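What follows is a single structure, and I will ask about it in a moment.
The other protein chains are all here in position, but one chain of the complex has been omitted.
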Amino acid sequence: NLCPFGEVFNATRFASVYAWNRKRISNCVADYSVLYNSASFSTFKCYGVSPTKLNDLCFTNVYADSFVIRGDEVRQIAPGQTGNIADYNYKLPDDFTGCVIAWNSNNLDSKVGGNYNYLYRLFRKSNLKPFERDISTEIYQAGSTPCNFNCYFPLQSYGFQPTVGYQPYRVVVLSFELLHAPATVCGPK
Amino acid sequence: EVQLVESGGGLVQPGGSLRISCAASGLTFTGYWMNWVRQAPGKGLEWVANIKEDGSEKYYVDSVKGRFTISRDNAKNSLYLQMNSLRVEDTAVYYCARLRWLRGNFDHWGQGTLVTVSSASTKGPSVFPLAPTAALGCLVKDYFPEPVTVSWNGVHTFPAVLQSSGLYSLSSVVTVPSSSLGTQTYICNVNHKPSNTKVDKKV
Partner (left out) sequence: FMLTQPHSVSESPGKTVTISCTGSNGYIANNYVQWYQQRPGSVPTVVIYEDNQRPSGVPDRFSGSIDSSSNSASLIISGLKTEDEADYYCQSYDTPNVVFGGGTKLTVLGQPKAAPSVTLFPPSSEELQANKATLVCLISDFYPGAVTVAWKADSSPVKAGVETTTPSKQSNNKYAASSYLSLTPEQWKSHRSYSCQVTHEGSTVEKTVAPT
């Protein structure tokens, strides 16, 4: 059997970076070399593991998390980064084991008026713990006076237009999970 | 061990075409991305093009676009680069290299071929004996373009100088004990592949 990675990368609508979707990958085999070899991706970096050895390895599960961000925001999907997406949207652990893959989505996700359906969180009382997801839509109180002065809605929009640093970039995070349980996703052996 | 052997460098006129190949031995050349990356004299590395393992997609740098076509034969374990509409700026030693994975290192490289692009006169060297611990060697005069190989089957061959006429000249010296001059015979082998010149001279 093959890991249905196609379901992830070639899906029609990706999540918004605040409600980032997660798919679990199990009981399958993946040609990881199909992924990295493609010039399609404007980013391919893995942390905690060399991609070539991915094919030699077994993992208890693999998690595919996908969302859309701005190109010049990509630098953040990486351990130890800071920023809106790093702090208020998607947080990778300091010690990561996975791969971060990104491509420009302007042809699909930019509209002429701006595509306002891709959203992000701009304010939060505190930062995300790694792999935490916050869809809370309650008013953010930025002022001493209770909103019940400096009161804001946490979620902004990207409003994507064919302007690349502000262009839509779809992102996939593959985290490689090892448990004391039988590995069910392995490379080609 | 694995050697990557290229051929086909030489002199071409502006607007002319040249074709160069890299042939593999000791590695499976099939499953990898193949690339051409050039380096002009006294200059730095510049990636020129690359090609997918199965030939599906080919990518080139902007300044060669439309002018170069990169191709491969997996059966011969060979990589190819057709250079058309050549310009002076293209003058460079052209290396072939294989990247281990698409964003990784170049684990294997070729020895390099030089393409020179300019006016005419693939003019050959005139090889003269430079006669005598003592030193003896050969003078490689008035040639064009590079490269020249000098052999003797402590040898120090020197880089050439490009004269005011526009042609290179090269010298080469080896040192040997004074006692062995009478007994041993010393001959230098000069090859200027552009001029189909191969000369052996006694000293």
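Every chain is named by a letter (A and B) in the order it is written, and numbering of its residues begins at 1.
Note that in this section a contact is a pair of C-beta atoms (placed from the backbone, for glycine too) under 8 Å apart; a residue touches a chain by one contact, two chains touch by 3 or more.
J.: Tell me which residue among B:70, B:117 or B:139 touches the hidden chain in the full complex.
T.: Answer from the full complex: B:139 touches the omitted chain.
J.: With the full complex in mind, choose from B:44, B:66, B:177 or B:182 the residue touching the hidden chain.
T.: From the options B:44, B:66, B:177 or B:182, the contact with the absent chain belongs to B:44.
J.: Just name the one of A:16, A:33, A:37 or A:43 that touches the chain not displayed here.
T.: A:43
J.: Touching the missing chain, which residues of subunit A?
T.: 39-45, 50, 72, 74-75, 78, 81, 102-104
J.: Which parts of subunit B are in contact with the chain that was left out?
T.: 35, 37, 44-47, 50, 59, 61, 95, 99-100, 102-107, 109-112, 126, 128-131, 135, 137, 139, 141, 156, 158-161, 163-164, 169, 171, 173
We take it that only the chains that are shown with their structure count from here on.
J.: Go ahead and note the Å separation of the Cα centroids belonging to subunit A and subunit B.
T.: Those two chain centres are 47 Å apart.
J.: Write out the stretch or stretches of subunit A touching subunit B in their complex.
T.: Interface residues on subunit A, with respect to subunit B: 36-39, 44-45, 51-52.
J.: Would you pull the subunit B residues touching subunit A in the complex into a rising list?
T.: Result: residues 33, 52-53, 57, 59, 100-104 of subunit B touch subunit A.
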